[PDB]
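With the hints as constraints, model all of the structure from the sequences given.
In case you want the letters, here they are:
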Amino acid sequence: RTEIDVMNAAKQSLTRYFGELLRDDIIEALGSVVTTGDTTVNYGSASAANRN
Amino acid sequence: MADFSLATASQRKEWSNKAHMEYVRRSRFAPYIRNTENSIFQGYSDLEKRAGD
Numbered sequence: 001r002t003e004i005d006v007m008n009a010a011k012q013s014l015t016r017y018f019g020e021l022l023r024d025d026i027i028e029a030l031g032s033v034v035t036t037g038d039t040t041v042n043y044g045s046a047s048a049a050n051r052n
Numbered sequence: 053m054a055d056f057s058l059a060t061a062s063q064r065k066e067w068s069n070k071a072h073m074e075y076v077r078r079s080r081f082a083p084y085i086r087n088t089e090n091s092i093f094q095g096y097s098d099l100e101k102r103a104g105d
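Residue numbers (the numbering used here), protein chains in the order written: chain G, 1 to 52; chain X, 53 to 105.
Hints listed in this document are in silico derivations from the structure and should not be mistaken for laboratory results.
Any given hint could be a false lead.
[Unchecked claim] Here are the computed distance ranges between Cβ atoms for each label pair:
#1 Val76/X - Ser13/G: 47 to 53 Å
#2 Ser13/G - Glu100/X: 30 to 36 Å
#3 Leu99/X - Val6/G: 17 to 23 Å
Beta carbons are placed, not taken as given, at the ideal position from N, Cα and C, and that holds for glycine.
Dropping the structure here:
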C-alpha cells in the first residue's frame, strides 16, 4: 500500500534506540543506593531501610 | 484343499503409485477475460506496476 521503505526506516531507528538505552542506564546508576559493600539498589526499587 | 495351503493372513497385497484426481470444469468465463477495451470482463495491470491500493 506504500512506496516508502519501511525496512530501512526500522533499521536506522533500531541502532538509534540502543544509544538512548545506554545513557538511560548511566542516569539510573548515578542515582543508585549503596546498601552495604557492592550492594547497589536502584532508587525506585529500594526500601526505606535501604535508604537509611 | 490339501496341497501347499497358504495362510489367509500371509497373502500378499499391492499398492499402486498412480493416483486419480477430481474433475474441476475449468471456467466458463475464460474466453471473455482480456485486457483490451472491447472485452466484457476487463483487466487492469496498473497496480502490477509501481505501487498502489
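Tested hints:
Against the hinted window of 47 to 53 Å, the Cβ-Cβ separation of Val76/X and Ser13/G comes to about 49 Å, which satisfies the hint. Taking 30 to 36 Å as the suggested C-beta distance range, the pair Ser13/G and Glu100/X conforms, at roughly 31 Å. Range check, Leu99/X to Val6/G: about 19 Å between beta-carbon atoms, so the 17 to 23 Å window is met.
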